[PDB]
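Chain residues, written in single-letter form:
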Amino acid sequence: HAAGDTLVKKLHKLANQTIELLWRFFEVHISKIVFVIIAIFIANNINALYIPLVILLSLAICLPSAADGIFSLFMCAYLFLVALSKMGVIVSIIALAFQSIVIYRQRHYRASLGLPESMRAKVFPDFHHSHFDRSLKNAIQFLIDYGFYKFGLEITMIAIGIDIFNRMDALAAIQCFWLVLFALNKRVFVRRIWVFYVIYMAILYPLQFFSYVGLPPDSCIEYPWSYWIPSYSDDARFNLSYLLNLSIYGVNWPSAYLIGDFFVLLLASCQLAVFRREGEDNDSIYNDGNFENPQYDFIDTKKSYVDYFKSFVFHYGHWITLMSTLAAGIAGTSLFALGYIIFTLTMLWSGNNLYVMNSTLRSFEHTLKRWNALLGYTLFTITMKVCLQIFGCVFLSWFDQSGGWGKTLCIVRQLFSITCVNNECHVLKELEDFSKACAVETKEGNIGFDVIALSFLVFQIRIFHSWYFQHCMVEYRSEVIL
Amino acid sequence: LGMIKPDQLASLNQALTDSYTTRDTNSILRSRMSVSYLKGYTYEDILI
Amino acid sequence: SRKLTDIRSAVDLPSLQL
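Chains as they are written, first to last, in the entry's author numbering: chain A, 801 to 887, 937 to 1140, 1145 to 1335; chain B, 2106 to 2153; chain C, 1558 to 1575.
Among the clues, some could well be false.
[Claimed, not checked] Have a look at the derived ranges for each label pair, beta carbon to beta carbon: (1) B:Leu2117 to A:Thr1295: 22 to 32 Å; (2) B:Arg2135 to A:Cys1240: 32 to 42 Å; (3) A:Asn1205 to C:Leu1575: 23 to 33 Å; (4) A:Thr1220 to B:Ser2132: 50 to 60 Å; (5) A:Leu1249 to B:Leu2117: 39 to 49 Å; (6) B:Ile2109 to A:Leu1249: 47 to 57 Å; (7) A:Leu1249 to B:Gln2119: 27 to 37 Å; (8) A:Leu1249 to B:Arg2135: 30 to 40 Å.
The hints are simulated quantities; they were obtained by calculation from the structure and are not laboratory data.
We put the CB at the ideal spot given by N, CA and C, even for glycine.
Could you build all of it, start to finish, from the sequences and the hints given here?
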C-alpha cells in the first residue's frame, strides 16, 4: 500500500545516507584504516615480513610527494605477493583489492554527476564551513576544517604529550625537551626547525621498530653487551637496558607503546605538513598592538542556542576548568604539588582583583605573568617526573648507607626522589628491605591529573591572548563599573 | 591442654603484618584479611 | 576619532545597564 511505498522510500533515503558515508570515508581517510590494521596486527605477530613494510610507511611520510603515490601502490600489492608466498591476514588479501575498488567506485561517480572530478573535504556548502558554527553537521565539518590549523595544533600537541608521558620511559626525555622548546617560544621559524625535527623523528620511528625486531626470532648473536655492561650488578642494570631500548630478547614489547607512538607520529607529521602550507592568525596581532587599547573588532554573532552556551562556557573556562585541573594537581599530594598549592590561591585572588578593572599598563605583563607562571611550573614538574623516575630506577649515590646520611637520604626520598613506577621491572632483597623501612605510597604517575591540567592550560593560553576574549574584557569592565 | 600467653599472640600478630611485599597490593590485602581474622579471638578463646 | 569612541561607549553602557 501507500505505507509500504513510504517505508521503501525511507529505506532508500537511509541507503543514500549510508552510501554518502561510504564515499566520504573512502575519500577522507584512504590509508588510515590500512596504516592502523598494519600496526595493530604488527603488535600481534612481530615477524620480519612487517620490517620491509614498516620502514616503507615511515619513508613514505619522509617522501611527501607524488612519488608517495608509487609507495601507495606498493601498499596495494606488497602484501598480496608476500601473502601468496607464505601460503585475519586473508582479510588484508582482499583489503588491498578494495583500494582498487575505491578507484573503481570513483569512476562510477564521475559519469553520474556533471561536476568536475576532484577531491572534496567540504561536501556541503563552503560558506557554512567559514561559519565555524552552531546547529548541525557543521560540528563534524568543524572537526574536519579546524583540524587543519587551529584545533589541529592543540589536538596533536595534547596527543603527543599525554601519550608519550603516560608511556613514561626513554622517549619521555627527548619529547620533554621538545615540549620545553615548543612551549617556551612562539615562532614560525622555530616551527621550521620543528619541521626538520619531525623529519628526524620519521626516521627514528623505524629505528624503534628495528630495535624491537633487531634479530630473527632467536639465534643469540649479539646485543651490544647490554650498553657497555657498566660496573654494577642488579635488576637496576637490567632496567638500565629496559630504558635505553637496545636489544632485549625475552620481552613481549608493549603493543600500546607502538600503537601510541606510531599513530601520534602519523598525526603530528600530517598536521605539521599542513601547517607549513598556509598562514596563521595567533600572534601577528599582538606584535601589531605592541608596536590598554586592544583593537581587534568583530561581530558578537547571534544568540540562537548552542552558540550562546558554547561562548558562555568559553567565558567561564577562565575560572572553573583550568583552576580545577590545577586543584586535581593539588590532590596529587606531592612536594611538587605543594608549589601548585601556594600558586593557585594567589592566582585566584590577585588575578581576579587585577583584571576585574583592567589594570593600567599591566595587562600584557599580567598575561605574561599567567603564561609563565602556569606553564613553566607545569612543564618543569612534568619534565622532572620522568627524570626523577629515571634516577630512582637506576643507581647513583644509593640512599642506603650511614646513620645520619641514611636519615637525610631517607627524608630526601620521602618527598623528592620517591620510587620508580613502571609495569615491568624487578628489585633485589637488599633494596626490598630498604623500601620496607623507608616506605612509599607506590602511586605517583601523572597520567591521573597532570595531563588534563596541561591540556587545559596550553589550550586556553593559546586563547587567553587571542580571539574574542580580547573583546571579552570589555564585558568584565562594564560589569564592574555598573 | 592450655591457654596462650599474650606474648605468643603478640608475636603471631606481629609476624602477620610483615608478610607482604612493597609493590603488590594483593599481598597487602591478604595481610589485612589475615590480621582481621585473628583479632576476633581474645587470648581467653585460643587453645594450644 | 576620540569623540566617536566616547559616544560609542556612552551608547553601549546604557544598553548594558538596561
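Against the structure, the hints:
At roughly 27 Å, the beta-carbon separation of B:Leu2117 and A:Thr1295 lies within the given 22 to 32 Å, and the hint holds. At roughly 35 Å, the beta carbons of B:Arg2135 and A:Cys1240 sit within the given window of 32 to 42 Å. In this structure the hint that A:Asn1205 and C:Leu1575 lie 23 to 33 Å apart at CB holds, the actual value being about 27 Å. Range check, A:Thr1220 to B:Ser2132: Cβ separation about 51 Å, and the 50 to 60 Å hint holds.
Against the hinted window of 39 to 49 Å, the Cβ-Cβ separation of A:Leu1249 and B:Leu2117 comes to about 41 Å, which satisfies the hint. Taken as a hint, the range 47 to 57 Å holds for the pair B:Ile2109 and A:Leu1249, whose Cβ atoms sit roughly 49 Å apart. For the pair A:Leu1249 and B:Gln2119, the beta carbons lie near 35 Å from each other, so the given range of 27 to 37 Å is met. The supplied range of 30 to 40 Å is met by A:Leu1249 and B:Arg2135, whose beta-carbon atoms lie about 34 Å from each other.
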